[PDB]
Every structure is written in C-alpha cells, then in structure tokens.
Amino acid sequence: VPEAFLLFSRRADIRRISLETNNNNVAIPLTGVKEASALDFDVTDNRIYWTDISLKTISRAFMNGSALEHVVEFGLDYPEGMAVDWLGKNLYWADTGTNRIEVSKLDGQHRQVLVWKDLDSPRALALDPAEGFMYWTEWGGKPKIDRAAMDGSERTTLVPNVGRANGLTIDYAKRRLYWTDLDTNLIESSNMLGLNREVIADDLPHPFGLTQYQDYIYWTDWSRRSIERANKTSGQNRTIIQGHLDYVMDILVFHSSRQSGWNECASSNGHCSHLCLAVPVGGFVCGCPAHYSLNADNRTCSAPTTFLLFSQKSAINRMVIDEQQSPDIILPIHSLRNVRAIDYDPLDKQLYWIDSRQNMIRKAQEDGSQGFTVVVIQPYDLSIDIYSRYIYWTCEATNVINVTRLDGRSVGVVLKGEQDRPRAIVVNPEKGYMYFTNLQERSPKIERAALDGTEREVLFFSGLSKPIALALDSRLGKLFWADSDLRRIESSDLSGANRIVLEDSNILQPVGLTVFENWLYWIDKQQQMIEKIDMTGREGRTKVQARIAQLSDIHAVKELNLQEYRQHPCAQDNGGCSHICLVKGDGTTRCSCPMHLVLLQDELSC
C-alpha cells in the first residue's frame, strides 16, 4: 500500500521527502521550472500540479518524471493559490493582480472566470468538492476569509476579522479550517462556518506555508529556514522535520486519504459537455468556457456568436456585451511579438493578424490551436473577403494592394502605382468595391476601387492629414475612418460623400475603429482606452475600458447567417471565376484578374 510523502517547492525545485521515515529527499524530475510556488496533486492520475510565480504559468506532469504540459500560460499577473478539484476534474486558481478566481479542466481546457466582482487580493485557495464549497483568503482592504459554492455563487464572508492569512487548509475528516496569520505570527483554526476559533501555536517568527495530514499540522518558517510540525489541536509536540530550508514556498502531503469523498460530478462528469462544478444544494451545475452560454438542456454550451476583438503589442483580447458584464479574456495565442492589425473569418471561426516583427500574416483559432502562417514583404493592414475566401492586404515596402487565398496560395496584386502609398483597407464584397487610404507625399487621400483595381476614384481631398484606420457598415450604408494627426473620427456615405464629423473633442491618437451592432467603437493609444458612440437615438459618448497599454487594432465580429451567406453569388464556387469575383449593378457576377494576368475570352479564366 503506497505510503504518504511530503511535497515542497523551493526556488526551481519541487521535492518529495518520505514521511514516517523523514528522508529520501528526491526531486520530482522537472525541466524548465524557474520558480515553483503553489502545489497540488491528483492521486488517481498520479499527476502533480504547480504554479511558477516567475514565468507566471501553471503546469502539470506525471510524478514519474514527465508528460509535462503547460496548463495555463496566458492571462496570469500575480497568480497565488491553486487547487485541484479531484472529483469534477477541474483546476481552480486565484490571481492577486487580475483580482479573479478562475476555473478550467485539469488539462487547461474550457477556462472560465468564476468570481471577479468585489475581490481585492485573493491569496490562498482550498476546495471541498465533496460538499461543493470553496474557500479563500483576501489580503486587500480589510483582510478576510471568504466562502462560496464551487461555481462562484452563494458567496459569503466567513471570517471577517483576521490578518493576512496564507496557508488555508481543510481537515476534511474532522471538519476544520487552518491558516497562518502573517501579521499576528500564529496558526489559527476554526470550523467550517468560521466559528469555534482557536490559536494553535503563537511563538512563530515567520510562518508561511501550511498543510494538515492526520493528527498533525505542518508549516514552513522563513525566519528559521524550516519545515516544522505539531499536534493539530494542542499545538504541542513541536518538531523540526526539515531545517536549513530557506524560502520553502508551499507544502502538501501526497496521499489517497487527502482526496477522499464523492459528488455528482465524479461519475461521467455529471453529463455536462464541458465543466462540471460542484454545488452544495443540487449536487452540481454545468458550466461553460468564458463568454460561452449554457443551453436550455442545462448540459451543453454555445460559443459566443457576436463579440469584439482588440489587439495590443503582445496580445489579442476578446470582449462580449454581457448581461453579467463578463470580463475580457486574453486569447491563448503563441508567438505574438508585435501585432499590427487583426481580422476574423466567421465561416471557419479563425483569427487573422499581422506581426510587424518577422513581417508575416498569421492565423489561429480562438483557443490557439490551428496556428498557421498565410504570408511569409512588410504588411501594414489586412481585410478579409469572406465570400471569395481571399485576404486583401497592403505592403509598406512595395506600396501595393495584394490578394492572397486564405490557405496561403497567392492570387496577385490588384493595385500598384509609382506615387501610390496604400495603407488602411476594408473590403466590401457585397457591393464589389474596396475602400482604402493613400498616404502619399504631403497629399493624403481616402480612396475607392473595384476589387480588381479598376473604377478608381478619390473620395476625399481636404480634411485629412494622416488617416490611419477604416471601417464600414454594409447594412446602414456608411463608411468610417479615424485621423491620427487631426485627432478626429468622421463618417460618410458609401458611394456618396456626406461628410459628418461626429467626434473631434477629447482625443489624443486614435488608431482603430469598427462597428459592433449599432455602436462605433474606437481605440486611443495615448489615452489608453476604448470608447463607443451610438448611431441611432444617441445614448452619448461612453467609456468602455481604460488602462489598456499598447493597443493597435479593434475589430467587430457578427453572427454569420449561413442561409444569408450561401445566397451571395461569389460564395457559390467563386462565381466560376479563377481569380477575382465581382458583383455590381443588377446583382449578378463578373470575373476579373490581378495585374499580371488578363481575362480570357470565356470571361471566367485568367
């Protein structure tokens, strides 16, 4: 029968020492760890879990060496407490920086934020999945220990009068709570309701980490560089288990008896498609990934259909206009160095961007899986034709409008000039036109052309300086843009030019804009904020979010009506065309080519 051992983290090392013998100090054979802190485990799985406070990630590996996976890589700021729900097979964690308690599957999937309101600085975290309750300590404001159901609901404050508590442990069998008090230098205990409180040991120079096993409590002490042990009720029989161990971060006893109990999730995941979250009354509630919604069946989840995307130098973020005002999530996308522009294909659900470092057009799914480079040349802005499956983009080095198929196959250039310096671009494949910006020497223009480069016309001469971004709404029939030097956002009609200056007031440098549903969102780089304007019966200028550092682009996504999509002529096998597909006039199809080829007699091929 496998015996119990004690896990501890210190610097880059996670080590096991055998209890009942107090030796065999071996390290778990882990690679790539810089600074380990929070520890937990899964006995049935024989897996270990840890936090890296330096790299700001959460990882797992089999005890036996490895099947090492990074389980949470993005969105952590000051990750603190971390714990395994061994029944629902979910991973919980708390973050002091972002002020959120988050959950996900043990393999990192279906990440969801459980509590984010009224949280100051969440620290220690402890789970009771048998009873469906979670417990945490908060360090900000008036320090306290809280309780809530393991879905974030039914939140109460359990211990209102404590110092900064750090070692929060449940003794599952005897129904008690234990924590270290850093301010009062003592170990305290209470029952599950935070009553019948008692101090266990008070002569403590610097207590930090804490665990409970059988009759014993275990703690680490940074002042006397030790892992110490005592009787859980009297506090007597004090012994030094390990000395000369400075800065031991977390300790835990690994044993089957520490993960006992049962709930309704332990059997086939409560039939929930994604997350099964334990609840004190009604056993369980099916949960969903962030931004996703629970269906009528109280079982399956639906992905958000209408949302907003905004990018900065190192991250693409997604936001939704929620009833509960859900927080933004940082999309888990690898190798982002300097994002300059973004777009999104609503047909295959893929995110496209351009990295100005390594100068490439890259694409991935929202979960960060389908990673693929489309264009490998100094791209500036891009715009997707969702019907022809082409991406139109502008090159800064060659000053050209280039069109590439989504799978990376080249279609060709459609516009090049000796004087032309094309920059911002947005396509309108519904009317068969593209719109763009021309940053020519001393003389800038907002232009319009056919998707092939014909029917060119200058829409605006004066009132421009350095227009930087474009947007359009095919429903209403308007074109939007933002001027960087003049700090103003203007609006006009598609074919016509009904120039309105809707905002010109409190702006520093706008760098992006899009239309959501009936709102005009934009992004200010210096002011570091997102703002929106109402298009209909005005609700007035509204602040969306501030404190966003180095933001580059903003993009709106809408639910794609599959019935309305297949009715568009150019989506029906590109209208027969080998290259460019055009719609104009009576709403029929006409083929065209890039600049190195000509249309060939059958008016179909190049």
Contents of the next structure:
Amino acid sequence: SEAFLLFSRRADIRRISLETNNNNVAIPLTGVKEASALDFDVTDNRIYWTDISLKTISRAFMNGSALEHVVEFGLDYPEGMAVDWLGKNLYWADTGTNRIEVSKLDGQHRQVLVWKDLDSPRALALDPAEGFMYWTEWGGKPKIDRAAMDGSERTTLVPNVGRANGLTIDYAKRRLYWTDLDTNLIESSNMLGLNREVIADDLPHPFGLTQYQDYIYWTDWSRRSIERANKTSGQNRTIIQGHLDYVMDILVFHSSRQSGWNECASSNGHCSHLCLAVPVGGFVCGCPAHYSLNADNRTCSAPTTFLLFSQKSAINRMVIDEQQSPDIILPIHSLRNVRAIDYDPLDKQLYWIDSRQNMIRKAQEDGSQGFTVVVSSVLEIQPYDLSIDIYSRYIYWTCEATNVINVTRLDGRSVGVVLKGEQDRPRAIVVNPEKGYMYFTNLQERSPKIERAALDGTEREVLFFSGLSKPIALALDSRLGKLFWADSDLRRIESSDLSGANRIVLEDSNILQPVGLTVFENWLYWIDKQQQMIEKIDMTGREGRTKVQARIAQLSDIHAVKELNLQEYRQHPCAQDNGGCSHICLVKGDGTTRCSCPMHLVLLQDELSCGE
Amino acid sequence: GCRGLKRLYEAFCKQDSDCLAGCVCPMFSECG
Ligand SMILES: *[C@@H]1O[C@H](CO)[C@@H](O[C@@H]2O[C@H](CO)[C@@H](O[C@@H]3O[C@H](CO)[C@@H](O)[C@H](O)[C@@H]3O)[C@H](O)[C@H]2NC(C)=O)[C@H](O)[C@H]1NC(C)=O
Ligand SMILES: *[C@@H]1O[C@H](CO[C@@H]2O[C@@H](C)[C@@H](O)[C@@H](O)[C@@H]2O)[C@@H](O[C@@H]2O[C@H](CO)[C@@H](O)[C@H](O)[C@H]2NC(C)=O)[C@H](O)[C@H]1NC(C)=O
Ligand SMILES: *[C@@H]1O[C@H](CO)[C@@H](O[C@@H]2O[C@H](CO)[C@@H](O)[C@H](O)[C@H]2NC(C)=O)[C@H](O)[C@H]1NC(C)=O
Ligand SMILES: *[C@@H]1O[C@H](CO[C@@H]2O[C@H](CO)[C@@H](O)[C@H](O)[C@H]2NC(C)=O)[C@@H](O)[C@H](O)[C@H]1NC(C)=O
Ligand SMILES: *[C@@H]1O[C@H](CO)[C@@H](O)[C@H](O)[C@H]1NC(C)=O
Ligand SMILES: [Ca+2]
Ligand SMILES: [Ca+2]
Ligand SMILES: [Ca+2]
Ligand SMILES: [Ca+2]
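We have the form deposited without its partner chain; now please give the form deposited with its partner chain bound.
Shown next: the complete complex, the earlier chain at its head.
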C-alpha cells in the first residue's frame, strides 16, 4: 500500500504522495483555524488533529466526511496528541493545563492519566504493543519522560535535553527520535534513553520530525522545507517540498507505522469503558474521570459524592480521594454564563442560573437533557440565586429585577411567589425543607439583613441585621443544625444555629472576596473570587484551614453533592405526592404535611388545593 | 488563527541576534 506524508500548516492539512511524483493535495476539511498535531487510524482511514486556536481535537475521514470534534472542553494548548490504534484510544498532552489525557477515539470516557509534577508536556509518542508512552516536557527542567499507557510507573528517560519536539518511535529498530528546539539538532536513542546519537547537527531551526523505513523526515522553519535523510547517519538528504513556512507537524501515513497486537485489540479487553496498555504488552481497564474500577477489574462506578464549582462559562467537578484526582470541567453545551448552581440528587440533574440570557437551566453532567426551567419572553426577570426543595420538587429563586422569591417546579410550571415587598431585596437563598424554613439575605438599602421565613413566606423574621455589609452567599447543614454566610465586604465567613443563636466568626483573615459557600461532610468549603482559591475549614475544629485549589478565575459558586439515601428520602412527608398539596407542602411542628399557597392564591375548603 | 504559533514564537524569540538579553522581543507579526 502507498505511503503518504501529512503535514499541517496554518489552517490546512496537506497530503504529499511519496511513492509517486510529489503531488500536493489538501485534505478536504472545513472549519479548521490552526491545525497543529496530527495522527491517523489505519483501520478507519481516519485522520486526527488538534487545533490550538479553537482548543479542540477533531477527526475526519481522509475524504473530509464524518467531521467530528471529539474533544472540545478543557483544552488550553493541546500541542501533543497520538492515536492508540490497538486500544482505539485518543491520547493527548496539553502544554497549558499540564495534563496528559486519554479517551476513546470517538471522545467517550475522557480520563486524566498524568497530572502531578508535570510541567508543560508537548510531544507524545505511543507504543501500545509494549505498554509504554513517551513524551517531552518543556517547562522548568526539560526532559523526556516515559510511563505506562495508563499513566503508571512514570520515569524520566532523558533528563539532559532541551525542549524537544517530534518524538517519534522507530518500532522496527526500537529507537526514539526527536528534534531539540534549543540545541537545534536531531538525535536518537534506544527505548531506554541510552545509546544516544546525534543524527544531524548542522540544521538552523529543525522543528518537526517523523520516521519511515530507512529515512527520517524533518521540517526546518528557517529553511522552510520538508526534508528527508538517512535515519542513522543523517546523510542522503533530499528536499521533499520547499517554500513551506511554519509547518506545525509532519507524519507518514502507512500501515507499517501501526502494527502489532495487544489484548485491547480483541473485544476491548472486556473492559466496560477504557482498555489501556501496560507493560509488557498487557493491559488494565480504565474508567472515565472520577469513576471507580469495580471489584472485577472490568466495570466502572460513577462517583456518588462530589463537589461542584462554577466559573463564568464553566462548571467543574472535583472529588476527594487518595489519587488527588484532578478536577474536570463538565462538558455542558448551552452553558454560556453561570452565576449560581444547585443539584438534584434524585434525578442526578444539575441546575444553574445563566445571567446572560437570564434563565435557570438544567442538564445532565454529560451535557444532555438540556432544559430551560425559567425563561423570559423576548416584562423582565433576572434570577440571582437558587435553592432546590428536593422533596417538594421545587426551585426557590430570587429575582433581582423584581425583588421577589418565586417558586417553580422542575418541569417549568410556575408555583408562585412567596415573597414580595416594596422594600425587600432578597438575593441569597437556601431552603431547609426538612424543617419548613428558607433562609435568605435581604440586601435592603442601608440595612442588609439575614432573614428566615416559612417555605410559604409566612413566619418572617430578621435573624441578623448588625455586623453585615454585603451578605452575598448562604449554606446550611440540617444535620449539624448550622447556618453559614459569607460577607464579601467585611471579608469573612460566619456561622450560627438555624434558630439565630450562637453566631461566631469562623474565618476573618486572609480573605478578599468570598462569594460562595458549601458544606461537605464535616468541612465548610468556600470560594474567594479575588484570591482565585477554594478553601475549607474543619468544622470539628481538629484540622486547620486548608487550601484546596488555587488560580481558579471567575469563581461563582460551590456546591457539595451527597449520595442521596432513597429510604430516608421517601420518609419525608412531602416526598410522596407533595403531601396531597396542590402548591406548597411544608413540614410543621409534629412532622405532618400542611398545605399552603403562593401569595396570589388562597387555600381552598379542602385545605389541600389552592384557589383564587 | 495564530494562537499556537504565537505561543511558540514567544517561547523561542529571545534566541535571536536582535536580543542582547535586554529584549522583551518584537511583537508577533506572522499571524495570517
Ligand atoms: C414567577 O415565575 C414565573 C415563571 O416560572 C413567572 O412568569 C410567568 O410565566 C408564565 C409562563 O409560565 C408567563 O405566561 C406568559 O405570559 C403571556 C403574556 O401575558 C401570556 O399570554 C401567557 O400567560 C404566557 O404563557 C407569564 O408572563 C409570567 N407571569 C406573568 C403574569 O407575567 C411569574 O411572573 C413569576 N412571578 C413573578 C412576579 O416574578
Ligand atoms: C469517505 O470515506 C468513508 C469511509 O471509508 C474509508 O475511506 C474509504 C476511502 C475506504 O478506504 C474505506 O476502507 C475507509 O473505511 C466512506 O464511508 C463509506 O463509503 C461508502 C462509499 O462512499 C458509503 O456508501 C458508505 O455510506 C460510507 N460509510 C460510512 C462509514 O459513512 C465515505 O462515503 C467516503 N466519502 C466519499 C466521498 O466517498
Ligand atoms: C483485580 O485487581 C486486584 C489488585 O491487583 C486483585 O486483588 C489482589 O491484589 C493483590 C495485590 O494487592 C494480588 O497479588 C492478588 O492476586 C489479588 N487477590 C485477589 C485474588 O483478589 C484482583 O485479583 C484482581 N482480579 C479480580 C478479578 O478481582
Ligand atoms: C543509510 O546508511 C546506512 C549505513 O549502513 C551501514 O552502517 C554501518 C554502521 O553505521 C556502517 O559501518 C556501514 O559502513 C554502513 N554501510 C553502508 C552500505 O553505508 C546504509 O546501509 C543505508 O543504505 C543508508 N540508507 C540509504 C537509503 O541510503
Ligand atoms: C545514499 O543513498 C544512495 C541510494 O540509496 C546510495 O549511494 C547509498 O545508499 C547512500 N550513499 C552512501 C555514500 O552511502
Ligand atoms: Ca505549562
Ligand atoms: Ca511527527
Ligand atoms: Ca443558594
Ligand atoms: Ca452554594
């Protein structure tokens, strides 16, 4: 079969026939803005490339059909990428995020393999028949590292090298080739990083590299050319095509580059999600980010409890574990602006306020099942904060424009408004359905108040009026009986019992702009927008205040998620049939349902339904 | 788009005769 050379340049991907006359023809793609890294799947006649200007990784057939963006979230500088043709896995290295990741070639089951002690990985090469992957690290002390293709047993192969590119494996001869972008030469070694040799040393600006049969191919940005030489001696040089500046990558397309066999090539190793090569020609099963490998070492369990954090245009998920597993960004299309978040642990649906379109949306964490719970016709609404009554299946939300607390069912049907006052400015809100109360900040002019009312708007009381400037965020823990708030002006986090007793200041130093709070197990997490940090404090008092993650920009909300106990959930009196209440079921006194109505309706004689 | 090429330019631009270790280095003009 014929051998072809593919090179990327600017926004085009071109194919050069080596065995015939050099014939330059572009791959008929569309919508490419800056093509950088290249690979191919010999089975599918499929080409793969990263795009540094769109921060995506895409694939298509050589004829341009079936254009597919397989990675589109959470990339910064994806300058390294390789196709695992035995396991059908896509690998990539992101120089910006300092991550080496993997997924199926169609994009499913994305997972992070290398993230700790990793500084700017750039060039990536795979040996799935052996279980090893190799990559060049630029930032800091540059080096060429090696790991198993599941990320395990990372080791440094070549520690004394400059920044390197074109990591290429000569599988037939068991040799590594790379260009050194700082010493400006081309060298090679065996697979252990030993028996090093310099292939060509007189080149001004050698950038890209590939290998084929008896030859290496390189591109030189100063010579503006693609060239071929003897892979062992560097002589027998010829120019393949000149007058090509800023060729981002070159690659030989032929079946002999993708050969061999491992246990993933058959039935995906009977692995449910990911089949990942490890030495020596064996494999292990892998799972999407934050999933757990089950007891059989074949199937995967989704995470039951986690933390969700929001920024301006992304919502992220982190978990606490013994891998210190990295946070990931949820692949939610139709997310433009987030200002606040909440989660329904019954249907596993994530909810958020979009302040650009002034809506409340919901979707699965895989992006699907997008739905708009609250929307304004093209007067004007402006949601500010939200809190979900998981038992009554309601969202309690604040509207900045109209200064009301409104209630909407998760299917979008309006329940009604439970707070409206001339002077009222309800902004932050968290509901306590277990005890029939909601807690909200009332940013009235000159008198910011923390208030409580019944879930039907009655039994209104001011909890705190002094010591407040901008109470901007609430959280609560019904188990411990505590309420929490952050003041973004006074730069502190305070706590008090749900009754309004025992108010203490938990943290008041080294905080700039606290904008959110959540409770996870025995810890209180918060987010500092100005300091770009997530921090936590042990509410038992044992462990000191701890930094969780830093340099996170545009932080907006934080929200803990606990695995919902279904037996306990079904025991709440409003959980089944809303206690027979047409609109509002609230727990009062001796744990019994009492029905109530929004402020535009009045309870009917049956005392279960609401009327005019 | 030149996001990738710009990042590479600023990562190796100081490796140029013009730069006498007193260079922020010239602005990127090779987009396009
Ligand atoms: C509390 O929340 C609801 C949304 O959950 C607010 O909007 C009401 O939503 C309904 C649709 O659910 C809107 O109905 C639409 O209005 C047009 C024009 O009057 C009318 O032909 C139809 O009724 C149409 O579906 C409705 O405009 C809107 N409420 C009103 C009376 O304007 C509800 O307003 C919120 N309460 C407050 C005071 O914020
Ligand atoms: C573009 O190629 C695809 C996939 O075929 C691959 O490339 C072919 C040239 C060949 O090398 C195959 O072995 C590769 O798998 C075409 O996909 C099928 O092509 C037939 C013929 O066009 C078509 O009737 C089928 O519906 C296609 N099936 C799929 C997977 O879509 C695709 O049609 C080719 N497009 C063109 C312009 O022919
Ligand atoms: C699944 O993998 C685990 C971890 O390798 C295996 O459990 C044991 O792991 C120890 C090392 O910690 C091995 O030396 C033992 O052979 C394993 N003991 C057993 C039999 O559980 C486990 O065997 C693997 N296989 C399955 C199907 O559970
Ligand atoms: C590329 O050069 C090789 C070199 O092959 C031999 O290599 C040994 C060790 O380097 C050297 O001692 C011998 O003198 C070399 N012998 C020859 C015949 O040069 C050639 O064998 C290849 O043919 C060359 N590649 C091409 C396509 O010319
Ligand atoms: C260069 O290649 C040519 C043709 O393959 C041949 O002369 C020989 O293999 C190489 N030359 C030398 C001096 O080895
Ligand atoms: Ca970096
Ligand atoms: Ca290459
Ligand atoms: Ca809230
Ligand atoms: Ca929160």
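Numbering follows the first chain given and starts at 1. Just so we're on the same page, rigid core means the largest C-alpha set that superposes within 1.5 Å between forms.
- When the two forms are superposed on their rigid core between the two forms, the C-alpha shift of 2 Å or more among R475, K142, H244, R238 belongs solely to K142.
- After superposition on the rigid core, displacement of the C-alpha of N338 between the two forms amounts to 2 Å or more.
- For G496, the Cα shift between the two forms is 4.1 Å when the rigid core is held fixed in the overlay.
- Fit the two forms on the rigid core and the C-alpha of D118 turns out 2.1 Å off between the two forms.
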